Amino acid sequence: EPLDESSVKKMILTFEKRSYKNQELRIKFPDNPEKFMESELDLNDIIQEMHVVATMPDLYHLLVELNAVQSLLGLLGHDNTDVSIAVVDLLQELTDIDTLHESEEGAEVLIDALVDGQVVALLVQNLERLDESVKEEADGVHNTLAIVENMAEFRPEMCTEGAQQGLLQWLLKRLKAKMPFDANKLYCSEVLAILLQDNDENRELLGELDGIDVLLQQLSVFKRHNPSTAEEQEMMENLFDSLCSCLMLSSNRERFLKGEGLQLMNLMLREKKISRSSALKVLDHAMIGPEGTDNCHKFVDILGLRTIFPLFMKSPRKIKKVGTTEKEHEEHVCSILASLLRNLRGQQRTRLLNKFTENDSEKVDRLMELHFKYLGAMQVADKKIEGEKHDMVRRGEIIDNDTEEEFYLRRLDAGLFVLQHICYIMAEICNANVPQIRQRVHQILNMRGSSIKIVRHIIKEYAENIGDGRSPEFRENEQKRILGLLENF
């Protein structure tokens, strides 16, 4: 049973004295013959006892102010890895626990100490030192990643400093490594993902290291045939999540292209199991917005229109065990088109438009089948929200920002994003000067019920939020464009 108030103070003092004793025995007998280690074994056992400090109702403030933390890092830079491994292992169990809202006060103080101590850089050096997949050595790398999962997860803002430290560079090394592929390699890609998850610096950085090439090659192997294990799948799927996150950064767009990025995602689509679902999520990303413009053309030049529209006309599977389903697939296809439409110009733009005047514009037919599907949902979803708003008056609950988020998620759940893109697409086709499509769009909207103005309201919403947020100059410049379509339509 643990119930100690500053008993841990004794624990620290003991740790510090023990470490102190080792340093001077490290100086006394250093030359190649060895008497020191016995000294080492006594001190690491003290760290192991200290391990249980995390379990204690965390008054971590002790650890930092009293310099436990600082000392612990030089341990990370010690000659025998055993004491490094002990420190990392120790360091995992003090960060897994912290997540509990309790002692946010030591966590904040403990976490702060670690980032100022440049924990990742030291950790990375240690990682560098570990080499040979000694089962302890292997476990040590794992626990090193663990730290970063838990640190990252706790204070995410901390990520960028870590990337600079060369963690990213080390991660990319491990993934390229030709060694067979068990859990440690997996866990890299969980961390890689996390590293990039919402962070544009780490995307600038990954890209600057030929890292998109890495990702593509690591995905390339699974191009014709699925993951042998459902553990390796979870990794492939991590490799995507990281590749997509990189695409969101504009400069990776070029680098995606130089790598035969489209060729691959295309191939994965043509050979339709099982990484199909995800490759369509990359494609969409690689074309979205202006920076996508080269890729939008590149896509068409490689018969990307043969690949995509079939998926536009009919979606599967109802249902696959690994879940992509429904609106998820549609949103991806429809976003892909909305990109092509807004971006394409010249010869490839004309090919796109034919595809909309084909089999008597069967694809306009489709678009409208989709339109009404999603509209009905959005309508019904909006009614619910209208009620809750009234209900919120009577209660006297006040609609604030966090109520409006809750409300947003319901509209997205109803396929608001795909509804916008299929209005946008609808509208982009009607300003092409092909009377066929414009007539049909309309012919269908009278038949029945729906106003063309119901659609305009949906564009005006897509447009307001629009690019959120690129430069206002680009925000207000694009928003002009989009509303321009609305006149001729």
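Numbering follows the first chain given and starts at 1. For clarity, a rigid core is taken as the largest C-alpha set superposing within 1.5 Å between two forms. Compared with the form deposited in another entry:
Checking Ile302, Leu209, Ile399, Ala177 for C-alpha shifts of 2 Å or more between the two forms, after the rigid core is superposed, gives a single hit: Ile399. With the core held fixed, the Cα of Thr81 is displaced between the two forms by 2 Å or more.
Superposition on the rigid core between the two forms places the CA atom of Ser335 less than 2 Å from its counterpart. Once both forms are fitted on their core, a CA shift of 2 Å or more is seen for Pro33 between the two forms.
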Given for the second form:
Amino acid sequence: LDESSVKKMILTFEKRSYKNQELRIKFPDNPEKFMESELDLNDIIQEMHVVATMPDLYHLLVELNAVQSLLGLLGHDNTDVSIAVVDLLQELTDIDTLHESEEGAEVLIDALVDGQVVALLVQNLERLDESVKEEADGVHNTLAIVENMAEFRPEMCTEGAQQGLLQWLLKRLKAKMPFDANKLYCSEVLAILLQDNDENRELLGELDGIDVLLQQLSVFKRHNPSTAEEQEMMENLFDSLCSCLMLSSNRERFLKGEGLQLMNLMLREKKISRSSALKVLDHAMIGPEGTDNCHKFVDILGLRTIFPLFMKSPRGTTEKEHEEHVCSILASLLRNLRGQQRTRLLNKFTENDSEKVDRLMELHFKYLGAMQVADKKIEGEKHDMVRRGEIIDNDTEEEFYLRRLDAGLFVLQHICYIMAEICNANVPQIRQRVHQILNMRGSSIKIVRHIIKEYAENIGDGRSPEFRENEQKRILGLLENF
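Cool, the form deposited in one PDB entry is there; where's the form deposited in another entry?
Only one chain is given; partner chains and other molecules are left out.
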């Protein structure tokens, strides 16, 4: 159809909108008087879905106050109308369609945001009722809208969350309603809001969200969830929780919500979620800000949980990934721990004639070998690239880095840092053991030292500048007393 067909439609809607509003004001409890215009409005709304197909003429909608009318209509006293509008809004903003016309799309988006679209969607949700199939579908379309908007443009997630979305999502997740498709959807949307968005992580924390997250996870601590969809939800929740843990402010909250105990329990009871519960543990401990958590871990016998996992790797989660988190956690513990807990941790490295140390060195040799092979492969790639005429650029460099990471760079680094910290503790047995074994193959003290220097260069991206010198300093301190 043509902009002759379309331009009609909008203004028709406006008339039908305005008229319906007027009539509804005039006869607040005489249904008879507004009803046929109610139907007229509904029909015109349904017919609009058409417009999605023409992505540019979106610019038009804005101009003739269509958008604004729509936004108002999510407040319309009759849920049948608002659901219909929601559906229309979801069709308009279906992401494939948007990537047809970025100009029509862009201005529509701008209009939508400027109107507090998310806030009005949430208001609508607050009065929807899911025991009624069309309403429940309204919720789903609502969520779909925000998923579409996030995909088209990130910056707004911060504003949207504060516009009551995040809080509603939390309420929905804690709601005592059987798991259903909406809940799953909620779980992914929350995760989408939370990646890279610290004000939302913070906001979640303030909203007491950490508790909520832990309780849902609580649910499947001993048993697995009923269906594949519910397990995907769990994974979603886990992701969200890890995101939240990137913010320092949230480590305290985790601690006081007994997050640590829970994850420990999960690790002991060998659920599939355990692969994730290891990740969570890792996140909960990484930086200086994971110091209290590190100590509490030891207090609750985390050591007994973690060391068996260190000694043996059980086989979605691969062997490498499993080792990675464990070693990372150990690294964090060696960094942050102090006093009795630290002493206890070191005792593990002495025990059974430093079997842990023998483990460590075994791991080292495993990952090192891999690393060597990958780096050789990368060398060969370079040479061939030169021969052909292909220029090594940023994309080729990132691809190489990914390949290296796959081979276990981070875990290697972690191992080596453990080795270093261990040796720096005044324990002859340990140093002897390390040096014994290196010289048992010869290969070697400098290698480790090189590896540690590489690690020191890089991390952190990072949080503070002054911090980053000091950390490098302390790492290098470990290299002399080796």
